[PDB]
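Asks: The lines below spell out each chain.
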Amino acid sequence: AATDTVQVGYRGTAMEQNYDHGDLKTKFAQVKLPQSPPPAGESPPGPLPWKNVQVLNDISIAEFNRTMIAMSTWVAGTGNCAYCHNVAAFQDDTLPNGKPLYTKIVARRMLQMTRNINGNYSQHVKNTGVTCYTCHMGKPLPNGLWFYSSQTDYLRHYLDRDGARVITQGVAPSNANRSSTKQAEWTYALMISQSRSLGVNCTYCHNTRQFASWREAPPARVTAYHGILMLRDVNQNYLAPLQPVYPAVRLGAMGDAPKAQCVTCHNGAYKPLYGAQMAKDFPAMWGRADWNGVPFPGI
Amino acid sequence: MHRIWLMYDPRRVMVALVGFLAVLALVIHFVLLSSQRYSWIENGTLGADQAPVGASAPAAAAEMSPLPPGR
Ligand code: BCL
Ligand SMILES: *[C@H]1O[C@H](CO)[C@@H](O[C@@H]2O[C@@H](C)[C@H](O)[C@@H](O)[C@H]2O)[C@H](O)[C@@H]1O[C@H]1O[C@H](C(=O)O)[C@@H](O[C@H]2O[C@H](CO)[C@@H](O)[C@H](O)[C@H]2NC(C)=O)[C@H](OC(C)=O)[C@H]1OC(C)=O
Ligand code: HEC
Ligand code: HEC
Ligand code: HEC
Ligand code: HEC
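So the protein sequences, as listed, match chains C and ak.
Read in order, the letters of the first sequence correspond to residues 15 to 313 in PDB author numbering.
Read in order, the letters of the second sequence correspond to residues 1 to 71 in PDB author numbering.
If you are wondering where the hints come from, they were derived from the structure by calculation, not from laboratory data.
Only true hints are included.
Computed spacing ranges between beta-carbons, pair by pair:
(1) C:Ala-234 to ak:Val-31: 44 to 54 Å
(2) C:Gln-250 to ak:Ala-61: 20 to 30 Å
(3) C:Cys-216 to ak:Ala-48: 48 to 58 Å
(4) ak:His-29 to C:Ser-194: 26 to 36 Å
(5) C:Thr-19 to ak:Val-31: 53 to 63 Å
(6) C:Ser-164 to ak:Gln-36: 17 to 27 Å
(7) ak:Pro-52 to C:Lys-41: 47 to 57 Å
(8) ak:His-29 to C:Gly-26: 53 to 63 Å
Listing some non-contacts, in silico: residues in chain C with all C-beta distances to chain ak over 12 Å:
(9) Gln-49
(10) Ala-96
(11) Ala-102
(12) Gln-126
(13) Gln-183
(14) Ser-207
(15) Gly-213
(16) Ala-226
(17) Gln-257
(18) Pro-261
(19) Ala-290
(20) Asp-295
Among the chain ak residues that face chain C by a calculated CB cut under 7 Å, a handful are:
(21) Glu-63
(22) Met-64
(23) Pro-66
(24) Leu-67
(25) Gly-70
Cβ coordinates follow ideal geometry from the N, Cα and C atoms, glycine included.
Generate coordinates for the entire structure from the input sequences, incorporating the hints supplied.
Replies: Structure, rendered in structure tokens:
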């Protein structure tokens, strides 16, 4: 029944995070115990034999096989190469029946997406980075999948919408800001969702005496903003265009593809996997010329 | 039937009657004024052939927007 607290702002401002100590320990142990361990890695010479490899062109043959073992355990359970492949012919993108191996052609896109996350959105994911495990956590479906439902659904802030500001940056009313109180309710609903997605409260990113202030806010607010821009790219360019690839059992009632949100990576924790650093161990997924000064072992 | 005024005091009945007719007329006028087909203050001059029909969809307008430009 003890409560852990973390101070995140100045003395006396009550910018604090509170956790039920028992509840947090069970959540944390529930991550530790399943956390999948990595293979060791090794450094051969020699030219690449692959017949139909289009993304992983740039890694050694040993690093490639090491990556496939990781992908199996992170998405399908360990050694489950049959989840993606016609195991008699790994280069195939179709079954013997000619029907396409939809998971393999999705997984090729998910590699490009992961490289794009780890490369272009380092202002968000920094040197923790993401792997397939971050979303999938050992299962084919991540958490927090969402579909079209209503026009005013706030999760469209992570796809095709842009503005969320409502506060005036001046004393007097002006034509610059004609925001409705209903729009402030909409931002408030959106912000509760982000708070729950991380398991934090509003004071993690704001001094609530002025929500619009960046100077009074913790630096996490700047990281959070880059998370919005990242999700828009992830949803608009990688997840949403996979609509013709999935079986109709995966699609939404509008026939749209499942889309991601903050909770998909974070799963109610302030960092994904409480900050477990795995991307550093898998250069196939860096999308980056060095990871924290460790250079990419390219061929 | 005039004996209704022996059991009920007409002083009290007429206030309740006036109030009931008042709320009923006001409800119906406000209902119509909010409809598409019978918004007579905006569209009263349209002919019946060009007045709205079938506009029963429960979200005809955008729910969320800025206020109109403030001038
Ligand atoms: C586009 C125009 C609108 C409209 C616009 C308005 C507006 C605006 C107003 C009314 C008003 C009234 N409307 Mg109209 N009205 C519409 C269509 C209807 C229809 C229908 C089925 O289509 C009916 C039955 C009515 C009926 C009525 C009355 C209740 C009322 C005025 C007379 C009154 O109360 O006298 C006493 C008589 C009755 C209640 C009976 C009506 C006549 C019937 C046919 C007689 C037979 C016996 C009767 C059914 C017994 C009922 C029990 C009662 C205790 C008497 N309207 C259409 C949709 N109507 C006015 C109002 O609310 O006044 C208070 C008003 O301001
Ligand atoms: C699934 O289908 C694809 C079709 O693209 C097959 O991919 C082939 O191999 C790739 C390396 C190559 O890049 C690609 O262009 C393509 O040549 C994949 O191997 C899977 O094959 C099975 O289904 C195929 C299909 O298209 O239905 C089928 O191929 C058929 O068409 C080719 C001519 O394009 C012809 O040679 C086959 O005889 C014909 N077969 C049938 C049953 O219709 C494959 O058939 C054969 C003999 O390979 C299927 O694989 C098997 C083991 O039968
Ligand atoms: C999806 C989650 C997969 C799992 C599970 C496994 N593999 Fe894989 N494989 C996958 C993709 C998307 C690709 C193409 C990569 C690209 O850059 O296009 C591959 C490719 C291979 C290959 C190369 C075949 C060739 O073109 O010559 C091999 C040899 C391979 N994969 C082996 C392999 C093993 C041994 C696996 C389990 C231990 C395994 N794969 C799982 C997707 C997925
Ligand atoms: C969140 C940022 C993810 C990252 C990191 C990875 N994946 Fe992904 N994956 C994600 C979503 C939102 C979905 C759609 C879920 C659905 O309903 O299908 C997927 C889907 C897949 C699939 C298909 C699963 C299935 O339909 O059975 C595969 C095979 C897959 N993802 C593979 C994969 C790989 C290989 C990844 C890292 C290289 C990877 N995913 C990362 C979200 C995210
Ligand atoms: C980081 C994980 C945050 C949490 C927790 C909360 N907020 Fe937030 N807020 C955050 C960002 C990155 C932004 C900008 C969003 C954008 O798309 O521009 C905001 C913005 C707001 C605003 C609007 C400020 C303005 O200038 O009008 C409000 C009113 C707001 N946030 C309120 C709010 C509430 C009520 C929260 C907890 C329930 C909350 N925020 C948490 C980052 C984060
Ligand atoms: C995976 C593709 C993620 C998505 C979707 C979101 N976040 Fe994220 N976030 C991710 C990682 C790997 C990390 C750790 C980076 C690091 O600092 O090492 C983070 C971190 C944050 C933080 C910083 C936490 C802190 O230390 O204070 C915040 C505030 C945060 N993330 C917010 C956030 C929001 C608001 C998101 C949706 C709009 C969101 N994240 C999505 C990975 C991913």
